[PDB]
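Form solved without ligand 2HQ, single chain, as structure tokens, below.
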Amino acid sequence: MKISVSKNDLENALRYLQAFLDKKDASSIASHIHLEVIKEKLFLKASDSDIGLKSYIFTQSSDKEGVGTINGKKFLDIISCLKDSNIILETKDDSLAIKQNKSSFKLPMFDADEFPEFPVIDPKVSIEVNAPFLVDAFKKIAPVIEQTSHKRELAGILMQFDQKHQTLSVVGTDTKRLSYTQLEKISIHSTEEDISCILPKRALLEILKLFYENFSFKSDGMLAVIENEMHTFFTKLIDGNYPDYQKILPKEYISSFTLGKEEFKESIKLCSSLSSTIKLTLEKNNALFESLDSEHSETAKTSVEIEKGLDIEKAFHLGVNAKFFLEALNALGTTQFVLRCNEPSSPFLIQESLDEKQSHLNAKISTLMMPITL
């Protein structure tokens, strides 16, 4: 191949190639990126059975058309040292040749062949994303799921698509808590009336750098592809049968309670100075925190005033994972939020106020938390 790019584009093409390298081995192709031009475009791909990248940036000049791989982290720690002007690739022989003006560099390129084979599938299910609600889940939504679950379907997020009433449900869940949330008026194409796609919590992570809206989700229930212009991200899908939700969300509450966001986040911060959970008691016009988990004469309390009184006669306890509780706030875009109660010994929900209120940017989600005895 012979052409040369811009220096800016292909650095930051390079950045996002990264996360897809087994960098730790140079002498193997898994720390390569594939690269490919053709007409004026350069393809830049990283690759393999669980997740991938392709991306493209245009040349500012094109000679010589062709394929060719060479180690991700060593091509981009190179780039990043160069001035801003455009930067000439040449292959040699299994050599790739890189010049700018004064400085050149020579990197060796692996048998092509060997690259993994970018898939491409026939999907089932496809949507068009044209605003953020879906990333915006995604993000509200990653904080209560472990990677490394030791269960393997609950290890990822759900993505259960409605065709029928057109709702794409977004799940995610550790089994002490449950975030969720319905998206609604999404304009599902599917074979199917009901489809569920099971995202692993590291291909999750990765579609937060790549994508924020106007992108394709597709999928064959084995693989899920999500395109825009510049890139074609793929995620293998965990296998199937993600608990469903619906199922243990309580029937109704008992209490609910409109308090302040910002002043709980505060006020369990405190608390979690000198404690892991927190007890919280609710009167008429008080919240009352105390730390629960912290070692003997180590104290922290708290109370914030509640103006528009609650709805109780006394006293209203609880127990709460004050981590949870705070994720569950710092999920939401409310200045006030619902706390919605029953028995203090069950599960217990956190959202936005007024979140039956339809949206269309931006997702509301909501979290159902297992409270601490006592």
The other form holds:
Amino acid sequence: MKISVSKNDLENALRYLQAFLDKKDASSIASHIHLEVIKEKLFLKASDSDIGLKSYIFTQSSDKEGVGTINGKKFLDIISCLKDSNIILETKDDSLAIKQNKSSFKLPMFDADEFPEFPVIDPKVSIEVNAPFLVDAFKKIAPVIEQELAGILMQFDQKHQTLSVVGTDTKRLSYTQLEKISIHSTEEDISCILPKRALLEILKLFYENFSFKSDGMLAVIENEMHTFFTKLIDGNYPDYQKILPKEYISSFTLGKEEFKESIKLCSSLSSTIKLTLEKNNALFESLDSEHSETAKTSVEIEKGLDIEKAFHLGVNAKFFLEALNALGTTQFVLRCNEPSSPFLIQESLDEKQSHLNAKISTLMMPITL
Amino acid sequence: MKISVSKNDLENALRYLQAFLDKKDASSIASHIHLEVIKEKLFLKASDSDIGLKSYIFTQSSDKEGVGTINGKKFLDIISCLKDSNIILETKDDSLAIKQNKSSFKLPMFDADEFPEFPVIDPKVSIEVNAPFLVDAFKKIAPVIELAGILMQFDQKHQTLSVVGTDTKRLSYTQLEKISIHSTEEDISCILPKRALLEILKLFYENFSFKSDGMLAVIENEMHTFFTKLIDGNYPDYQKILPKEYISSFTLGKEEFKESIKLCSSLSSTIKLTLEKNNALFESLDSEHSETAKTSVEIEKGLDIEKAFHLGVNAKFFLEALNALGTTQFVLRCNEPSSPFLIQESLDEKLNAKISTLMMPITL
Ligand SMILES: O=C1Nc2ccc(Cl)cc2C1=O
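Given the form solved without ligand 2HQ above, produce the structure of the same protein in the form solved in complex with ligand 2HQ.
Every chain and every other molecule in the complex is listed next, the one we just looked at coming first.
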């Protein structure tokens, strides 16, 4: 192998690969990046049986094609320290030479045959995502997922052209339903579970104009510059639809940002808050605070709510905050039944259709008293 | 007690006090700040045997004077979540109420009598510092740190304050001149602990005073008084270590040298410098088998060398010695490759401090 490349492109490509390397054992091939020059491109790839990324960059020149490997951290450490000029990369037997002008590096390669093979799939399901809504869905739901519940659910119904995205731990549950989606599939209904680990990586890599394919065991995401894959978590996600209350007794439209501030404020002294809703006021009190410690605040509700009898509700503070951080609206709807039954946080006008973005609703279990 | 205060002012004061609290045990007074309203001021104080800080802010209203205590962390957590509005602080039993419009809080106070008294000194030495040179010296020497502190040695005769830090493999020092030292002995030496040095960097820039009996340092500006205990006796004479003369002295590019070193130190802790008439060459030294990093830069202004001077140097030490300099060039003063060498500013013989560093080389 012998080529010259741009430093900015090489660097950028290297930063994204870092997260796919087991960097601690530098004597394992799991710490190395796989290189290959075909035609006027350098392909860079880091992977294991479980997750992977393949990228490419273009060459200024390409005297000689071939394969190689290199420690990912070192290679990035060296490249990030260089000037903004061409880097000559060039194999010397079992070593990779890097060169830029007066600077000269040699690094040992491993056997490129040991590098795990980058899988190809026969998709059962495939979509083209040409807007931010899916990654918007991932980003807003991720916080509820603890690393089958250890992942995000993507549920495809071809019949109805809907993709459902759902996360949960024991205590809360966020979902969204992306309607009007061009689902190409070999069944009418199929469910993939992406690990949290992969979810996070997807957020760093993709936004819109990518394809998502799966064969029911691996997912492969792809755009012009990248191909990423992950193993799926085998199993059955619980039926989320079963858990949702059928109807809600009460439905309150409230100030997102006033509620965040008042919650953050009480939660300075507690993990849980007592919410009191009245006609024209909301009251927040610290709940599980120590003997002798107390926080209280309130906000005016100018457009009166429909109650006579004042509604009280114990909530976990962080959950409630995170449910409000998943909404794009200035106001939110709180839907409840009994103070000890689950309640729901969702956007103002959540039934309305959105082009660019996902609308996440969160169902939460309250705290007693 | 009972008062109102500006939120920003209070927040600011609480932030500086955080470092003087043991926060892990909320049930100990060490997690608390001492409060006191006298006149139109609120005094806040966090201290122990070892170190302490006392601050004040002005009150917007006063009403009842007295004293109190409060958990510092919880106080800062509460305050930083309020509007910019004025805040009422009012005792109420053995509890402090905090109030801002619709928001109100209560926190338990402890007995203000268990709080250690803030010490006063009969000063053996004292100086007024109306320029940033001292803190500049402190920031520059801190990275290299009896020898667990920074030395301040006052020579009343010569009107000089020497600041010295070392870890046995390198030594950094400055001698600050033309300093109006007031003391009652001839040559006094205070050793400040690292913890104290760090806190000082956060509090003081210029227009403060520094005073010490031979046991505590107290430092004081318009908003604050800080103290720390000194480290007890016998800082080695750094002057004993300095070479008398140096064989070679080379003026060299600081930034070219940093880059070339960072770059080589990607594969090792140590580097082989080679100097020639018109080039400097850098090579990773203790890199693992078959890893290699070389680079070089041109020296347009020829160095006085017949044949190549080789010197093994510790990459991070050499970097921090260059980071401690304020000039675009630096001077490297050398004897034999096996004996210590000196890094200092170009035009070091002369607002700021100029720190020189002496380092032990690496063999082969
Ligand atoms: O997120 C949730 N997980 C649950 C499991 C059982 C019941 Cl009854 C409610 C919930 C939630 O809100």
